[PDB]
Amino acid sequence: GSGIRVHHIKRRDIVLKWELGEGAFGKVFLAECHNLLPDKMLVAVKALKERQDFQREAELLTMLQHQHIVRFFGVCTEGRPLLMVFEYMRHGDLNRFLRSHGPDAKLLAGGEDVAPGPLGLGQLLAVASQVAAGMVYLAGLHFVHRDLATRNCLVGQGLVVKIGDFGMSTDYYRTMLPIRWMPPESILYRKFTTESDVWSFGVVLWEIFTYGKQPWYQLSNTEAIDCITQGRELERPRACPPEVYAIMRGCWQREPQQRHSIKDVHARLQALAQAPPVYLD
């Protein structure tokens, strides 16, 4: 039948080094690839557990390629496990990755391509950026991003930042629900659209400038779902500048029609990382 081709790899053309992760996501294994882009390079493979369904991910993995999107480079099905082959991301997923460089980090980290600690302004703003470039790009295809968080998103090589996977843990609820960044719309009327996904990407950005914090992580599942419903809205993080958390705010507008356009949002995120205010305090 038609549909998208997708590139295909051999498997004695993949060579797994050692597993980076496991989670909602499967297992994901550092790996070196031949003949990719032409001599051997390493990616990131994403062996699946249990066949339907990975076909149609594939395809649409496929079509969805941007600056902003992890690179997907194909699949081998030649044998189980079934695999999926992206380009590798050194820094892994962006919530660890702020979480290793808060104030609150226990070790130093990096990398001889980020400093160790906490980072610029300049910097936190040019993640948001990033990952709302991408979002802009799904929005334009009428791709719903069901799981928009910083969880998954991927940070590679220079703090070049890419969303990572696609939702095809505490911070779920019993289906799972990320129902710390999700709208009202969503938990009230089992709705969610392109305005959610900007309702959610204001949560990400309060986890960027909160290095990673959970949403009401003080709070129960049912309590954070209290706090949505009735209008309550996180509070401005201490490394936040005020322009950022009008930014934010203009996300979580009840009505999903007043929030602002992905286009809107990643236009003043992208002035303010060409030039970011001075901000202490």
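Each form is matched to the other, and the largest set of C-alpha atoms that superpose within 1.5 Å is called the rigid core. Positions refer to the first chain, counted from 1. Compared with the form deposited in another entry:
When the two forms are superposed on their rigid core between these two forms, the C-alpha shift of 2 Å or more among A109, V136, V160, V144 belongs solely to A109.
In this overlay on the rigid core, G26 has a C-alpha that sits 2 Å or more away from its partner position between these two forms.
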Second form
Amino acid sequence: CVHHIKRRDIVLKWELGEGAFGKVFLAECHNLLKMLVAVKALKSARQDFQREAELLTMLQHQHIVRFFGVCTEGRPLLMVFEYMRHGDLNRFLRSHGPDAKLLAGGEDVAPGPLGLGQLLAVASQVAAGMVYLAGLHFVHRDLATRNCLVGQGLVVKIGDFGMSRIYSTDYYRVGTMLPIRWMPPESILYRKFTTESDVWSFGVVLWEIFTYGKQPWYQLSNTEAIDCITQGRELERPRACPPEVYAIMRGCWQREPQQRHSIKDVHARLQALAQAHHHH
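Would you mind giving the form deposited in another entry, to go alongside the form deposited in one PDB entry above?
The text that comes after this line covers the one chain and nothing more.
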């Protein structure tokens, strides 16, 4: 079922970044539809790549980054994805925040912070991707803005760099890299990962969106953040966050996993708020 792509049809442009087990390149792909694509090159490694390819071929949704296939005939092994021009959502939020004008290039279009409508549109799209994954009983385990991508026209989709571990500071070593600031108490304490720990992570993503990409618990060390989370401390309402949006975050952050609101209900509430603000 996995689509295969000839090595001749992939023209590497430049290396975007690299991690311990992979390198990501911007490339052009021929006879796929010239087309820009993001290519992951693998540094057992195989079989894990094969399971990954099968999984990415089955995950198909408007808010999941598009996977086009693999290149296995030759070395290294390649995975081909659509190119998301505006990069990862954490960097996107940080570059479209209150200090956007200071950071902007001279030619940037209408520099300034994203407005409420745009922030709800980002939030609703991430929630839609999570509704799809929950429907498949798929647990992401690392939902965070660094793992979402932004395309032209404020199109937001869920991904997973794997190599996120630029963002090494967002993970804590115990003893495996865990994104503790995005995790609920049961995941930090017992590594219990479920659709309910993903909804908790979505509440944290909502907080990152409304703080224009700040790191959750930024004032705290990893050990201090683990202690705050397990003690039940809640992140502060962001200045740009309306009370209705903070109530949605609180619904994702109920201590008992079974008490957390479903991602379908969270998505429905964000869509309703986005609809109510469209003309205002």
